[PDB]
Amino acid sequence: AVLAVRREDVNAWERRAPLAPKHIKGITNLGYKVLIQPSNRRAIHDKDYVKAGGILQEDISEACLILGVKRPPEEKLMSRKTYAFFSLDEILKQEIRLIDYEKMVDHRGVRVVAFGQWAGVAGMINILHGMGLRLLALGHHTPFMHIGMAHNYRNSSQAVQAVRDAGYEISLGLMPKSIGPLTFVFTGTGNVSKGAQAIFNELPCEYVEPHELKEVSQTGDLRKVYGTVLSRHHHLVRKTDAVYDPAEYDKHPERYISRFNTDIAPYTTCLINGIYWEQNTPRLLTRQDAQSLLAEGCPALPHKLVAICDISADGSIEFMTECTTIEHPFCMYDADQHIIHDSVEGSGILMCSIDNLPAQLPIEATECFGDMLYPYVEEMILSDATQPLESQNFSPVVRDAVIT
């Protein structure tokens, strides 16, 4: 009846953990022994887990349940243990049980163990930092220059203070007037969209309805930034009669299109995309839409759309084919329909599509992930990869999450 948190080795930038010291304290209070594999890579220091009752050892063969952020590869995986991770044949010989956090879903079917809003919180900070660089490359110093990447801050609190400081400069009228008012569009309904809005709320922001973007993008107060939250009924219409039936779209999305390209996109400065996109879902923007959207000392912007940030890792933007890295976060989409990875001064739209956004705020990501995983840890400690799964007293959340 021993638990172990293994060290991450998949990536040099994987600084998260499946549990925080607060969760190790609660598990040790139940009487369970917790082993902590040493890791200079983790954002939360080893001694914080030791202060919470965790024992730090390099050998975790004593444990029955071994928790990790990503799946252990080849030799590191050993027999007669129960593992859990994100992401056959010889499983039965080695008698090991593998659990995938992604498969932990409730009766409704929505995932219970995720990273929550922190992909959106980090994405909003990154795209605000990216707009500062992109607008300066176009010849405009803005308060967005005083916002760094999400991983340059100890936590979201420190990042919020930087966003509020830059927002104060905007309220003082220090924005260049020639580029006009800035409009931000939030798509999607998940927690990542709410996390992006949480950062946006620290600016001198004003929320408007999607139909107001056309007027707001022309006459908006230059001491403010403007945002709108896009719902399905704002842009999805039937191909035949332009009617929106919410139940019909949820069953037959192939009967609908998106007027985002004509109704919203021409009046959008920055698009924060958190859309859940399936293969037969109407696309938000096509390649031809991008071609149409791109056509003295205080000059205006070449095009209204400055940048796009993908915070849900999800084909709705046709020309956002490739992904980016925390070290190289931004790329450009040229009017020649080419992807430029480092030419922020080039022609086009700034684009950001980092796949490990929560890893930029790994402390709070570890705590939020650990808060979701905590109510299922004890039943996973009592797991016996030797005994059959039917004998184990698993909740349907954990039982369905077993991939072996």
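Positions refer to the first chain, counted from 1. Whichever C-alpha set is largest while still superposing within 1.5 Å between the two forms counts as the rigid core. What changes on going to the form deposited in another entry:
Checking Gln94, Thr324, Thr286, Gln158 for C-alpha shifts of 2 Å or more between the two forms, after the rigid core is superposed, gives a single hit: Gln94.
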Contents of the next structure:
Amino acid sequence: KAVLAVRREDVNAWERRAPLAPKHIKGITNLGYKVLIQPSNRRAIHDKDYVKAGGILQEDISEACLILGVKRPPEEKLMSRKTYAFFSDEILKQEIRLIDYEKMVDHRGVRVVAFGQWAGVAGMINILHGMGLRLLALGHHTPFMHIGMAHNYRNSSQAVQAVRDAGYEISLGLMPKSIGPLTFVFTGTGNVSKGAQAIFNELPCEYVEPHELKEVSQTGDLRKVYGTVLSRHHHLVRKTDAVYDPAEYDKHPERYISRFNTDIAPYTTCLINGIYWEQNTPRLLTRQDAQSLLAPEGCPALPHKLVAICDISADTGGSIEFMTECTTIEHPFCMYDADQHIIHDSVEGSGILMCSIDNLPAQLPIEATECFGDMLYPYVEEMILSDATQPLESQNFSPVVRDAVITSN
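Now the other one: the form deposited in another entry, given that the block above is the form deposited in one PDB entry.
Below you will find a single chain and nothing else.
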């Protein structure tokens, strides 16, 4: 008797995802609920697949009490006496219940509704493409020229075949010698970091311990790429006695510094940053660290070892002090040059190539939709039996859903 609707995305041309996939609509209709799908040429999964799974294609979504979307409408489009959920008072004036997927957390306070590894997958394809263009601008044709942007591929499978194909060229010795071994450092603990690792694993890779990076950055095999996973214990020490205690760094991070600038950064070609930075944590790199890193025929050496930094988390303006500006899917790369200036939509001149896109998952919209839908599915029935007309206190919500309401009730 209660009716669910999936709204069309209207916010931005790049929003090709949805909060639920066909298989989720097949599940919800098998529980006897009616599900309206608002027609959309924008969605990367076609309307006829939502219809095949028992959804009814219809512009008018007035009858629905739960409306699921990805991004909040401009507020002009919000029907009254209904519950909306998005990835986000004025509207509180009315009887409108708003839910924020980002605030849906377990008893420990860890998120339970997200895009999983998919930001890392897209970020790693993006930065490999970026390094192709950056190294050509410095005068080096490489096999990284043969990897496009994440959104130029049908799905992660087609992307993986292009990464393996460029990997074969590297493994056959088609890199230029003069630029030396290539080193990749991965930071952070989450699913997003595993995604970037999963793309790297398709190249002719070799994982080393952080202390080895000094050696392999000089004498590594030029038919391979080198990776290292960086953990807290590798680079964080107390200001007093240069010791690491994990229980103490959790409570009082202010007693700690990072040795990343002296121990790892000078031996790094590409930093993939997956850290979630906090207001009292040590930084990986400062503005002064950048000055020192930059200060240094047809076959030149690199101007300096560090070519690129890709941010795959939220943390835009955190661990790397000078990475202040976000990039976009359309303009993915900017340069931090030797005069401490950001040059937008460019891979030319001096300095460090940087990539910081806020909606990386949208570049792989089908797999992003499947993954998100899987995490949301168990909570959908609670949300369908939500009543915007009644008080919050009387709703049969789990703490997960209750705590994620961002309206007065």
